[PDB]
Each structure stands twice: as structure tokens, then as C-alpha cells.
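Each chain is listed here by its residues.
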Amino acid sequence: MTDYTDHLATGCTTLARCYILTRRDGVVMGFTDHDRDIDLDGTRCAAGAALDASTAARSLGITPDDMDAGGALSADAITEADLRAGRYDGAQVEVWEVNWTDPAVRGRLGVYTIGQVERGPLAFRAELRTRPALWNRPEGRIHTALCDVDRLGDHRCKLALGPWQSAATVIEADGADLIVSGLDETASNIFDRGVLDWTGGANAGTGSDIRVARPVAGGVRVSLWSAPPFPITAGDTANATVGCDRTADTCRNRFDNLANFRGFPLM
Amino acid sequence: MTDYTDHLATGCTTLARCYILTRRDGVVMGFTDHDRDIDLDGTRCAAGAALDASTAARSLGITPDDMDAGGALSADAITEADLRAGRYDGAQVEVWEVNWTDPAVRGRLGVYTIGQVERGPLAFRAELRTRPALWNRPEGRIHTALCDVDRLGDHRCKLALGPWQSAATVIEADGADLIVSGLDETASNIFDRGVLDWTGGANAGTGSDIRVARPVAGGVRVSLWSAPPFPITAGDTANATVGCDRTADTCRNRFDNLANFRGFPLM
Amino acid sequence: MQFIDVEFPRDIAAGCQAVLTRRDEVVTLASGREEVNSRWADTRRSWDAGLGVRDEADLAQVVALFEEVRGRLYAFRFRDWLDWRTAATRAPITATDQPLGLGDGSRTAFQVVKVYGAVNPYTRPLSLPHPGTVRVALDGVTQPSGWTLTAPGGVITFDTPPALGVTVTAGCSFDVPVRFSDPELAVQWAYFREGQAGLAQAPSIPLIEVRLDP
Amino acid sequence: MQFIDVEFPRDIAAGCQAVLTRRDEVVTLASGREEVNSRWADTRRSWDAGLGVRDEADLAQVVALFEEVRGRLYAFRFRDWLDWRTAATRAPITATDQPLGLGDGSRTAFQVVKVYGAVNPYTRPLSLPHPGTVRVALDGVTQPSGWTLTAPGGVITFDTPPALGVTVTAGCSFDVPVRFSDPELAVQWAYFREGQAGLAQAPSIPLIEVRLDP
Amino acid sequence: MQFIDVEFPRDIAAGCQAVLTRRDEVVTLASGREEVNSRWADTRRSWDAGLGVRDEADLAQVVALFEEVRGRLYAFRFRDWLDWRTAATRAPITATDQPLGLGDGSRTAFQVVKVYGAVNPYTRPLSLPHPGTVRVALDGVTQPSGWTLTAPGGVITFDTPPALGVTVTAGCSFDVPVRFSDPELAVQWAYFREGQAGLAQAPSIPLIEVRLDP
Amino acid sequence: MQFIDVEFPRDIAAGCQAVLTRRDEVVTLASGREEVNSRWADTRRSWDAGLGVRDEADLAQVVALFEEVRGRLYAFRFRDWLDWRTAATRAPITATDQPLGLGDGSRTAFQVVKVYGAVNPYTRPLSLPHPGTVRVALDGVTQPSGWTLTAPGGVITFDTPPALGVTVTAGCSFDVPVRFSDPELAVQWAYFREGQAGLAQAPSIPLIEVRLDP
Amino acid sequence: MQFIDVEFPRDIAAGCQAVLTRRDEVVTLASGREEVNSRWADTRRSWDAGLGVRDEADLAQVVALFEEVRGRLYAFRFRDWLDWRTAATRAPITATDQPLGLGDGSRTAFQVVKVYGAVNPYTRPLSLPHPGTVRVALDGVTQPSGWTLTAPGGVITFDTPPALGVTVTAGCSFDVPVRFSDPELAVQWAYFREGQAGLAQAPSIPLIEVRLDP
Amino acid sequence: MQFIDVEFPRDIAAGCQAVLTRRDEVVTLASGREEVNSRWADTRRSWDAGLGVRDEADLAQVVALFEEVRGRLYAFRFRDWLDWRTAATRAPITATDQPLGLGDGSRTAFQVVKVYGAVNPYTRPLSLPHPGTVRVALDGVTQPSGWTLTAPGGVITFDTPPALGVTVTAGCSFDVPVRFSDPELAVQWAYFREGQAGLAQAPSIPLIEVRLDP
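Chains as they are written, first to last, in the authors' numbering: chain R, 1 to 267; chain P, 1 to 267; chain H, 1 to 214; chain I, 1 to 214; chain J, 1 to 214; chain G, 1 to 214; chain K, 1 to 214; chain L, 1 to 214.
Be a bit skeptical, because a hint or two may be false.
Stated by the list, open to error - Partner residues aside, some chain K positions facing chain P, computed with beta carbon under 7 Å: (1) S31; (2) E35; (3) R39; (4) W40; (5) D213.
Treat the hints as calculated values from the structure; they're not laboratory data.
Quick reminder that beta carbons are idealized off the backbone N, C-alpha and C, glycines included.
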């Protein structure tokens, strides 16, 4: 950006800032402000329908900066269904100021993450919150009676996992209560309060929580807490994940990881 | 203003209200609204780019009215350097309504003190807060372990003072750390936490607090807590003031005013 | 709905403005990027009337007519000179001039449709075919009886559906539906009596061709 | 109410201009379906006058009338030539020309109403019927008397109610209540003295025919 | 108050415009609902002056005169041609022309009052009767001495109050009080000297007839 | 994009008005140092058309074209006389007149470009070359064939790339994509029927030459 | 202050128009009682100038004067013909024409003042009295000398103060300080070269007679 | 900076308008209080061009020229008729006409400076002396070789600095730097070809004389 400063000083400057965007899925859109698409470092940035709003919010993070960048929705670059899916949610966009006059000088104006997303019939508004804002969300590190093991296999949990987890294919598409096949009766009720990551389909390992796993005819009907993101077709592969109630007793019955038990029950 | 009310009733009224301003220094500026200069009560108020008053806020002290009488800055009447110095800050301006038709009838519309002051390249903006607002500042009367004697020699303190205090002339201008001469080695470190009122120069007895009073070659280098208001030339007369930490031990060692310590340290 | 059919006098129509109203644009970024929004069912027309009144008595008649609908109740019948001719102002409209469509052996009903443009024509169904200008034609021969024309509908229904391969061609005058844009009407009448005046051009009567939702 | 009865001279009315305002609209979506919502008080006429005041002395007389009203106390009468004749302006106005209605054997009172249009006529009740132009005709014969016109009311009351199936036809000149829109009065007087003048027309004075709200 | 009486030249007044300012409207809901607010004591007259200056020297005189009052100090005396004649521009004003009132045997003082309108007249007291046009009349005979006219007051006081049954009639020219509407004055003079011009009209000198509060 | 190929008639184009808009500016401080910041898409041409439509039947044809575009589906072709000739308007356009560039032995494709200037010509790529006016000349000799013009592309591709140091000179008429600014279309027809006419020029229709975003 | 002494040429001063602005008003309630509140600085004269330049070379001289002032450093002198004569433009200006005041035996200094009015003249002090037109007359006789005029001051100081009851009459031309309202200067120069011109008058230049704050 | 020197044709300049832009006023309170703000280095000149194009081919040339700078890249050379002549439009410019300054024995470089005004002149350094009109003079004799003129600089450097007491006088035509005020250009060209028109003037091409920051 030093040469970019020089370009401004000379006055021979053409703005080609490219708002490269990496979504939660990891797909990348160059989105350059310049009307002629520029490949900077091998990355074409789309001239078409690139959100402008270049100044937006520009503090140094003392104030978390949400760069409001309402942009014309480009179906090709951005999909409404994906926005609804949330693939676009939590998308980190690195705004690099580049010059058409010189591709070599790229200085990142800011690192931003879309935090607030809004939609319109043909256009959309995005608030590009800075990393401090996400960092500033409070976790609280609560310590309490129930196992805080939570998701199994985490570094704190040190869960062996392994054999209990099983993979199944959906036999019937019932939205939240889809019936699946390839799951044993024993497997059911161990996947209760678990997840059903869908290898098959758009989810690609994204799983709605299984509120209830109940054995039925033709495999286990799985009642998810919520309807699956994307319409899940029957026959889509899913990896059922063992669900622990994370009660000290439940943790003990299922795995008995005394060394790693995060449930401090008595007082 | 009884006759002024009569002037309004007749309709034969010309407004000559003069915004007499007394600054912290005590210098007085006429600042009259009337374009023709009026010598009311001897004092001459010239229009002098009088601060403009437009939207009337009048509450009888239930609400202190801080009039934003920001007018074109008059260089002759007011100096920016003095404003930076703060001599103009805390200026008490008594707004006296006068009539050009009759000099004799002068009634003070209100008594005001400039509190919030801002400047422009050729203009100024100032808030003339009423006296209740300053009165309403909360002291709290805190009572605690350290001597609450604070500045020595107050009526409550009943400090003997006297011999320890000394007078010195600056030998080197170092801003906050100016080196001074005429101070004894014993005097150094007794003026630690003291004040260095400058008889010489614009300060005229205004002294920055001495953060450190460490003896050096050619007299004591005085490290003030802050750079002196106004540029202090070398050789300016100064009066060094003894500084008491107010620790019970310090209070005892320096003066031992048990009768008036205002300290409650040992429990 | 059923609507109302109330004729707008042709003489008053003679003094009337014509402006084409079209929608569906809403483009995107001004980087040379264009997106075609689709409002749907557009191509209305805008008109200002009253320039054809001629005299006070006639002016009274239109005013009374506006009062009749009490503010555009339902539909209003407007004679559109431009759409009246399926052919040309100097050329007689014929059944053959406008092509309704082709019967498939099940196509009993054909709405009168005005095709405007060629490669990508927009077709406008006509709510009211002007009576007596409606002629039905078939590829083999001009078609006479057995076609049931719904005058409010604009649909002509063959009792026996035309078989595949016969082109249905119908050309008729267009009595377009209109809804007045503004309730307020300016009156320029010129006081009569001793003055004996009267005015030929009442101003500010605004109407919009309305594609009624059926 | 009784109001204040002050006539507006027709000579002063000469040269004046008017506009017609309707209050019913409130349309719906752009689908092409529009709903008409009416709050009433539609079709009010707004008049701009002050014309034909001749010399300044005549203008002074109108000014005196404005002073008499004192900001339009109550209502002010205005005579409209257009409504004065039930028939066409050249044509004679007759009892036969306007048909009030049909008696049921109990219908003593008939409002004088101007019906505008034919299919759904908007009726203008006449608050003030100009006296002496009132002619009442029973179906059997013209009625010389027994119809009690209430001049403020605009209602004619037959002492003996017309029998069932009896048409009542009444034609009369129209006097309409008008309230001035603006308190200020615009005056063009033309200076007299040596360069003698007197402006024939004063600038438009806004007076609005008002359908009084009960 | 005492005010100031400063004459406005008639020739400058010849150029001056006349408009009528009236208040007391503020009607209620526009559903045809009307409510009469009363501002009280209205009917001021609007004027724009300076168009009668004729030449540079005269223009200077009015400008100096405006400076004399230093912005309309108190009252200013304006000659109004319209109010000057109690009768007509072509007809001489007489004591009988305007009726002051009737003495009750205790009514020593009568303000000159101009009655405008008839059925509900608004009467305007005149602050300054033009001197020498003031004539007092009594029903028995025109009244000469013994009436004390307060020229600033506009009140004529009979030393012996007229007994009941004698009509006091007084007609006089009206020297109306005026206060300039705008402090700003446009000066159009046309350069003289070698050019030797001078200007008949100076624009933008608005004045408002002022009903002085006493 | 392929777009929609609809020609704008030269006759309709006749009589039109145009404007030129540049997007590079963004200057700095008042020190006298100004910085030029360019975002691209500069020098677009804005056209106001509908002129020279003659009789209304011809205007109807243009209206039909507007209907065919249906709110400018894709882009619409427009013929510019100014750019049609590479040379001066009276002067003949030749392959020699516009020099496309120099081949390097691998340069099969040459864009047709209009170079606007000498020191730093702004180049306007021609998206659509009018067919048959295209003349291609190799440095050695005029090329009859082997240059493959992509009509939508505006690129001529030599089957055998021109050798290093070989000048390519090509001159052709310019057809430029235009997208209409406003969905509504203004219509001037002047009426026909008894008062036969057909307004010679319809009111300005905003159509903008748009450099399409890639 | 001393200011900058730059004379506005009388020839450039030829043709300008002026407006007079008074700052005293601030009226009260609508009761008819109005209070005049004066903040002073009333009756300033605003001038639109640049008239009578004749040619671009002459205009250049005025432009040079504008450049000399450099955004009106201090104040700029303007010559007003209207005030130049104490009496009338045709009439001779004499010491007798303007009476400065009466000496008390100690009144050495007399300000040159223009008294605008008779009853309450608004006095305009003359900051700059044009030299050589100054004539001073003591009550006994015209004074050849001993009156010390301060040209910047506008004050004439008698070395020996005039005795009690002695009238001092002084008449002189009036030079008035003016500060330009707008920094930008509009230029009408009329191109010369082949089409030789030179505009007769430059566009109005806003310059305001300013009563400087003391 | 280095900038760009691109000539603006004189014929187009003949059509171009002239206005004077001056800053540094921002005065204090309007109580008659005045403070002179100093913007610094002002006196730019405003112009509107394109009116001298005469014909379509020339219009194309300026348009291409505007495209060459792609929106006022750096500086643009503008011929100013007013500044071209140090002396007069009818009088030849000479080295003696404009005084550069006096050599002190160390003063090798003198910028061409235009002194405008006399008592407090503002001097404008000229960025580009028009070539061939640059003549150097010394008090003893007109100076020939040994003066190094930096055409972009506007500075003339004597190899041997002139000793004290010799006046350097240089008068040259002024090729002033210009930056266009607005990127948008209005094209008035008048269709040629069958129409065979072309336009003398193109409106809306504003330019501002730019004092380039070095």
C-alpha cells in the first residue's frame, strides 16, 4: 500500500480494491470494485455486481468495524438459498485495496467478516463486522455439575469415541423426523441428543441435532431438533453421532471417562 | 429592567445588552450586542464581534442554562493561546441587559460561566453554563487513611509552612523537566509532589505540579507532572512549594501537625 | 370481476393524449451491470382527456359520465384509436390481420390477442372486442357461426374445437378498459349566457389504460 | 343550519373558473385489481372568482359582501348558471325536465335533486332552490300549489302525499351554498383619480361549493 | 399610544397597490365540517408602494421619510384613496353619507366609524380624520361648533350630549395608519447627471394598514 | 453475453441528441494538487431519441420494437453514424483508416477498437462491427479472408497469425449496444382520424450506450 | 481603521442599482401593538455594480482593482453620486446646504453628517469627505481655513472652537466605504480577437456600503 | 509535478466564456464587523468551452482531446486570450511590458510573473510561457542568449546572474494550465450525412484555470 500511497500522491491512481470474500463453506469471490475485472495474485475479482461502499466504517478496532456494504445481489456470485442456508453467514471478507494502475501493490484496508446479513428482492445488505467483534462475544467459561464434556472427542474431553458412532442412509425424507436405514436398534437411543452429519447432499457433513433417536420398522426414525438445512433427499448418506446427555451419570454409563469428566456433581 | 419592560411596552426599545465577561484572570470584556459601543456604568462595551445568542433557554436554575453563545471569535477580545492556557476557561460572564435608549436601566438577564468551549479557525463556540451547574459538581467529602490536608496552608490544615518553602529561578527550559537554580540540595525532595508557581512570565504564580524534584548539577532539575502552561523562559522567577505526600509518616516527618492532620490511617 | 362497461365518447377521445407506459426495468450496479427485474403484465397506456369536448353541453355529458362511475367504479370503456385498427389507420382491419392462434382440436376458446413486436412479441388480450368488428377466420375459410364471443371476456369459443392445422385469425376494434388516474377533474367550460362561449378543451382529465385483474 | 343568506351576484360570477374534486379512490395492489373506497363528500366544486367587478365601486360592493360575511360566518349563497337550468342552458328549464321521484301515497316530501349521469347517477341535493323558478308537476297535472318548499331545506312538501305510482316532476334554478377557501381577499382595483380606471376583474377569489357535513 | 402622524405623499400613493387582508377562518375537518375561529378586529389592508415616485428628487424624499421613522416608529399616516371617500370616487363625501350613530342624551363621544356591508356590517373606527373633511351632522341640522374632534383619537365629543332621537352623521376622508411590512426598501432611481434619467417607480415597498392598539 | 439483437433504425436515430459522461475525477485538496481517481466505465454516451418517426404508423413500428425488448431484455443494438465511419463523415471509411495493431506471429485475434486521441487515446472496443463494411488489411496486402470476425465478439481472428512486425489495419462501421434508461416510453403521435397527422418526432426516449460489465 | 483607499471609478459606478436595508423591527403581538426593537447598523446600502465598463481593457482595469483589494483587504472606497451632492443633483452643493451643527465655544470638531429626514432625521456620518468640495461656513462668514478635515476621519476640527450660538454649515461630496459581498467576481467581457467586442457592462458585482463597527 | 501539456485550440477558445474566481473573504459578525480570512494563492479563472467548435469534425477533435487526458490527467494547456497579451488586445506585448524583477547579482532565475493591480499588486507566476513570445530584457539592453527558459517551469535562468541595478523585464503570451471542472460533456453536434449539419457550439464544457501545485 506504500506504492498505493505514492499512486495517490502522483494522482495517477485508479481504484481496483478487490473485496475478496471467503464464505463459511470456503468458496471465494473476488468482487472487485473496478469495472474491469482484475486478476490480482491469480485471483480474478468480479467486476460485475461488486458491493461498493468503500469507506463504510473505518476505525482501528477500538470500535469494532462493521463495514456496511449494501451490494446488488448477483445470483451468480451470491445465492439467496445459500444466504438462507448460512453458508454466506460468517463469511470472512478480506478487503484489499489494489490499484488498476499497479496490480503488485495490494494493501489490505481491513479484514472483515460478514456478521449481519440482510436481503431484498434483487439486492442485499451486508455488515462486515471486524474480527474483534466476534472475539468480543462472551463465552464465560462456566464450570458446573453437568459434564461440560459436551461435544465428544474435544481436547478437554479426550473421548475415545470410535465404535459407538455409525453411518446410515436415509430411507424416508420426513424433514425433522426423517426415517433412516442402516442403524441398529442398539445404536438408537445412543444417538439421542446427538448429531446426524450428512455426508450425502449439500450438507456434506453438516448435521442437524437429533432431538430423539427412536427405533422403528425399516431402520431408525430420527427426530432432529430442527429441519435439516437444504432439502435432504432419501438415500443421502449420514454419519450418526453418539449423543451424550452429559450428565455425570450418563457420561459414566456411556464412556466412564473419569479422568476427563467435566461434571462436578456434588457440593 | 423594570424600565426596560416599559421600553418594550412603549415599543421605543433598542437592545444594548452587554455581555460583560470576567475571565479566570479577571480581565473584563464588554462584548455588547449593540453595534454602537456603549459605555454603560463607566465600562465600555464595544460590539467586538459579540457572541451571538439565538435560541433562548431560560429556567430559573432548576436547569442550569448553558447558552451556546458561540460567536465569531474576536482576536482582540479573546486569544486562542489564552484559551489553550485556560485563562479564558472558567470565565464568568454576567449578561446584563441594557438599552441603548437608556443606559441607566441595566438588569442582569442572567449570570453565566463559560464552561464548555470549542474553537474554529476564525470562530468560536462556547457554552455559558449557569452557576448552579458548577455548584452542583459533587465533591463527596471523602474521609480516608491519608492526610486529607491536601494542599498545605489551608484554613483547615493550619500548616505552619514558612521556612521550608523557597524561591528559585529557572536555569534551563526543558518543558516538564526544566532545570532550575537557586534551590538547595536539602530543598530538593521536599518539593517533591510540590508546586512551582512561576512569578516570572505569564503564569504569574501559576505552577505546574512538581512530579519529581531530584537534585542535579547547576541546581535542581524539576520534573513537573505536566509541561508548564505558556512557554516558560529560562530565568523566569518561580516559587517552589513544599509537597507533602500526605502519608501519615510524611505528614509527621515534614510538619507533624497532629492537631490538624485530617488523616485517619491506623485502624 | 364483472366490472362496468361505459363508453367514452369518440369525439372526446379525439381530443386525448397518448403515452406508452412500460415497467420491468430495475437494473443493478452502475458499473455497466444490468439486471432485468420483472414486474409482469405491463405495457399499460397513459392518457389525458377533455380536449375533445367541443362545447358546454358535451362537457356536461362527460362530467355526468364521470359522476356515473362515482370515481372509476370497476372498469370504464375507452375507445382507443391506436389499438382500434389491427391493421393500419389507412388500412381496414380484417380477421386475417391479427392471428389469434392455432386450434389443436381441443382449443375451444381463444382470447383476442394483439401481438406487438415480432421476434419476441408481447401479446395483449383484449377485454372488450368492439361489437361488429369481430370477425373470426379459419385457415380453410373465414369462420362464421358457432364461435361464442364473450364480449366481457374477449374470448371466442368455438362450439366444436378447431382441429389441428387450422389457424384462427381474428381482427377487431379495441374497446380498451380504462381507470381514471385522478379523481379531480379540471373544468374549463367558458361561461355561456350573454357571453355565449363554451370550451372545446377541458384540461387535466387523466386516465390510465387498465389491465384489469380478472 | 339556517346559515347566512348572501347572494353572489351573477355579474360578479361572470368570467369565473371552476374545478371538480372527487374523494373516492383508495386503490389496491398493482396486480390490476383496484378497490374503490369512498369516504363521501365527493364531487365538490371549487370556484375562483372576483371577475366582472367592473369599476372600483362595483368591486367595493363585493368587498362589502366579503366584509358582511366576516370570514364566512355560516355559509354564503352562490348562484351557478350551469346548475341553474335543469335542462340545457339554451333550453328552457321545466318541471318536466327534472323528475324528482314517485310518490307512494305517504311521500309528502321530495328533495330537489340533480341526478348526474344515467346508469348510476350521482345525486346533488339542492339545498337552496331559487324561488319562482320552482315548478312542480304531479303525474296527473302540473301542481299550482300545496307543495311546501322549504327554501333553506330544499324540500318540497305536498300537503296531500302523492298516491302510489304517481310521478313527481320538478324543475327549478339552483342556488348553492359556498364557503370561501381563503380568509384573505385578493384585490385588483385599478387606480382612479386622474387616470381613471376600476379593474374589471379582480384576481381569483377562492370560494368552494361545500357539501355541508351533518 | 401617542404614535406618530407622518404624511405619505398622495403622488407616491398613486403608484401604491391595494389588497384586502382578512382573517378569522381556521375551519374544521374537511368533510364539509366548518368551524369559525375568530381572530378578532381584522380587515387590515395590504399595500406595496414607491411606484408613484416619478423622479429622483421625490424618490429621495420618501426614502428620507422612511429614515425619519427609522423603521416605522409608532404609526405612519397613509393617504388611502379608497377609504378617503365615504361616498364614491365620483360622488362627494358628506356628513350624511356615513352614519356615526345616534346620541342617547349621554353619548358625548362618537368615533368616526366606517360601516362596510349591510346586514352584518363591520365597522371600522378611523384613527385620523383628514382635517377639513370632517363635518358633523345631526338629524335636525348639520352640526357645527361644540363638537370636539380629537384628531389622533378619531373621536368627536359633543360638549352637550345629543339627546335621544338625533342621528349623528359624519363623513370624512380617511388618513389611515400604516406600518411598513418590510424594513428593506428597493431603490430604483435611474442614474441622472449626463444620463439625466430618474425613475417613476420604485418596487418592493410593502406597507400594512395597521389597526393600532390604543 | 449474446444479448438480444434488435437494430435501432437509422431513420429513427436521425434527429436524436447525445451527451458524453466520464467517470474519472475524485480530486484532492485546495492546495492546487488534484488527484485523479478512476473507477473505469468512463466516457459512456447517453442518447435521447424517438426523433424522426414521421407518421404514427412508423412510430408504431418503433413502439413495437420497444415492446419486443420488453424492458430491454439483455442489450439492444443501436447504430451510431458518428462512429460508423472510421474516417470523417464525408470521407470514405477504409481498412487503412483504422489501424488495429501489429501481429507478433501469435496474434490471431484483433479487437476492433476506436482510438479516441493521439497522446493517450481512450480506446472504445467495438462489440458489434457492422457486417460487410469490414475490411481487413495485412501489412503486405489487403486480406480478403481468413480473418474470422465474431459479430457478437467484435474480434477478428486470423486463421494464420500475422507475423512479427506486421501491421493490421481494419476499418468497419460501428454498431453499439444500448440499454434504455427509462422503462416508460414517451409518445408523440398528434392524432389521426379526421385530424390526420402522425407527429414527426416522438419525445426524447432515453437510451444509453452502455459498456457492458464483464 | 485607516483601511485601504481605493476609489471606485465613477465611470464604472455609472449604471449601478442599489437596495436599502434597515435592521430595526422585531415586532410584538397581533393585538395591533407592535414594539420596535433596534439593534443598530440600519439603512445599509447594498450595491450591484460593474456597469458601464465599455470594453474588456477597461474591464481589466476594474479587475485589477479587484485584484488590488485581494478579497477586500480592509475597506474599499466607492463614490456615490446620490450622496455626492448635499442638495440636489442638478442643484449646486454649498456649505450652506448642509448644516453641521452649532458650536458651544468648545466644539472644535464637527462630523460631516447627512441628515436623512426632518422630524427625526437618521444621520449618516460621512467617513470620507471628497477633498476640495469641502466648504465650511461659520455663522458670521464662510471659513477659508483653520478647519482641519481628517480625510479618513470625516471630522473637521476648528483650531479655534466656534463660539456659543454659532452655526456651522458645511457641504461636501460624499465618499463611502464599501466592502464587496462576494469574493467571486462575475465577468462579462465580450470576446475580442477576430470578432472584436468588449462588453458595455460587466454583470452585477455585489459590493455593500458598510457602516463599519466601531 | 511533471503534468501534461496539451493544447486547446484557439478557435474553440474563441467560443469559450470568461469568469473570474476569487476567494479569501469569510468576514466576521454582520454587525459591521469584518475579518479577512485568507485562503491563499487564489485568483483562478472560470470558463465554459466548446462554443467555438464550428463544425462536427472539429467537435470530434476536442472530444478526442478530452478523451486523451481521460478526465483531465494532470495539466491541460489552455490558450487564454486575456492573459495572452501582457500589453493590450490592440497593443503588442513586449519584454518591457511586464517587469519580471531586478537581478541582485545572485538572482539567476526569474519566473514570468504577471502583476495585476498597482498599489497592492497580485503577481501570478505563469506555468507555460507561449513559445516564441518570450523575450528577455535587461535595463541596459534587451537580453538575448544565456537565459535558460524552463518552459514547464516558467522560470528563466540567466547563466550569469544579472548584477544589482539591472531590471529584468519579460513579456510573453500566457499558455495557462487548465483542469476541466466537470467530467460530463454535453454534445451538440447536429446530425450530418443526409442532414449535413454540424454545430457551431457545444454547451456545458466547464474548465477552471488551475494553479498547479508544484
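Verification of the hints:
1. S31: violated, 12 Å
2. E35: holds, 4 Å
3. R39: At about 6 Å, which falls below the 7 Å cut-off, the nearest Cβ of chain P leaves the hint on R39/K intact, so it holds.
4. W40: holds, 4 Å
5. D213: holds, 5 Å
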